[PDB]
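Here's the letter readout for the chains.
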Amino acid sequence: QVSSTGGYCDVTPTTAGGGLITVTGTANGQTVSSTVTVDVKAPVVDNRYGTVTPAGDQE
Amino acid sequence: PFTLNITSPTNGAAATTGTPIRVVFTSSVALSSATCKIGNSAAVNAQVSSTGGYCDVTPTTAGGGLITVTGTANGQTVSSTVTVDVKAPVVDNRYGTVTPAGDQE
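Protein chains in written order, with the deposited numbering: chain A, 179 to 237; chain A', 133 to 237. A prime marks a further copy of an entry chain.
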């Protein structure tokens with residue numbers, strides 16, 4: 179989304195490590211690209227071992 | 133023409149339709165008149181002071197609310213715009229509500 183005072187976007191990181199987000203913008207035949215790197219990490223595994231689950235087919 | 137910028141709200145903010153939003157801006161010089169519009173919605177005359185002005189707007193359509201503030205002074209007209217992320221409000225149906233019959237009251 180572009181406005182006269184700039185703009186915004188929503189992005190979804192895919193790979194862990196250094197997410198390299200690039201924003202490119204063209205106006206009046208001039209194109210300018212900027213980029214910012216963010217430290218993206220994997221989420222907590224949160225397995226919750228010891229969970230008891232009833233059989234699906236016996237419901 | 134004169135310089136014009138919109139102080140608030142910031143570009144890319146959060147909003148919900150049906151809730152009044154305050155748009156305040158500062159101008160280099162006093163404006164003869166100014167209008168505030170929300171995309172394709174009806175425009176409203178905005179309050180103008182020597183240091184800028186303000187208006188109150190009502191978003192209608194969800195998605196990207198494109199608020200445009202236009203101002204004319206001394207024959208020079210300058211228009212600025214800011215886009216805000218407007219989302220639909222929570223459905224909050226409250227299923228399971230018991231309601232007595234209206235006609236039996």
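It is worth saying that the hints were derived from the structure and are not from the lab.
Fair warning: there could be bad hints in the mix.
[Stated by the list, open to error] Label-pair ranges, simulated between beta-carbon atoms: (1) A'/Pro-133 with A/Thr-213: 33 to 43 Å; (2) A/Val-230 with A'/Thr-139: 20 to 30 Å; (3) A'/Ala-145 with A/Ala-194: 22 to 32 Å; (4) A'/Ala-233 with A/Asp-235: 16 to 26 Å; (5) A/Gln-208 with A'/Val-161: 26 to 36 Å; (6) A'/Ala-145 with A/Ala-220: 25 to 35 Å; (7) A/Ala-233 with A'/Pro-221: 39 to 49 Å; (8) A/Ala-220 with A'/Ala-174: 43 to 53 Å; (9) A/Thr-215 with A'/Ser-165: 44 to 54 Å; (10) A/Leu-198 with A'/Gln-179: 42 to 52 Å; (11) A/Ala-220 with A'/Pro-221: 28 to 38 Å; (12) A/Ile-199 with A'/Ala-174: 31 to 41 Å.
[To be verified] Here chain A is said to cover these stretches of chain A'; the calculated rule only asks that three of the stretch's residues, wherever they fall, bring their Cβ under 8 Å from a Cβ of chain A: (13) 135-144; (14) 212-218.
[As the list claims (entries may be wrong)] Heads up, simulated SDA-like pairs for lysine to any residue below, C-alpha to C-alpha not over 20 Å straight-line: (15) A/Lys-219 with A/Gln-179; (16) A'/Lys-219 with A/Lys-219; (17) A'/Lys-169 with A'/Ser-181; (18) A'/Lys-169 with A/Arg-226; (19) A'/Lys-169 with A/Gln-179.
Think of the CB as a built atom: it goes at the ideal place given N, C-alpha and C, for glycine as much as any other residue.
Hints, verified against the model:
| no. | hint | result |
| --- | --- | --- |
| 1 | A'/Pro-133 with A/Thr-213: 33 to 43 Å | holds (34 Å) |
| 2 | A/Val-230 with A'/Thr-139: 20 to 30 Å | violated (57 Å) |
| 3 | A'/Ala-145 with A/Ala-194: 22 to 32 Å | holds (29 Å) |
| 4 | A'/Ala-233 with A/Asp-235: 16 to 26 Å | violated (45 Å) |
| 5 | A/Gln-208 with A'/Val-161: 26 to 36 Å | holds (30 Å) |
| 6 | A'/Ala-145 with A/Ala-220: 25 to 35 Å | holds (30 Å) |
| 7 | A/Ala-233 with A'/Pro-221: 39 to 49 Å | holds (40 Å) |
| 8 | A/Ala-220 with A'/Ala-174: 43 to 53 Å | holds (49 Å) |
| 9 | A/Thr-215 with A'/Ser-165: 44 to 54 Å | holds (46 Å) |
| 10 | A/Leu-198 with A'/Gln-179: 42 to 52 Å | holds (45 Å) |
| 11 | A/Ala-220 with A'/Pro-221: 28 to 38 Å | holds (34 Å) |
| 12 | A/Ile-199 with A'/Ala-174: 31 to 41 Å | holds (38 Å) |
| 13 | 135-144 | holds (count 4) |
| 14 | 212-218 | holds (count 5) |
| 15 | A/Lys-219 with A/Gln-179 | violated (27 Å) |
| 16 | A'/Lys-219 with A/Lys-219 | violated (29 Å) |
| 17 | A'/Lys-169 with A'/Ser-181 | holds (19 Å) |
| 18 | A'/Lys-169 with A/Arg-226 | violated (52 Å) |
| 19 | A'/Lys-169 with A/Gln-179 | holds (18 Å) |
Violated hints, in rising order: 2, 4, 15, 16, 18; the structure is consistent with all others.
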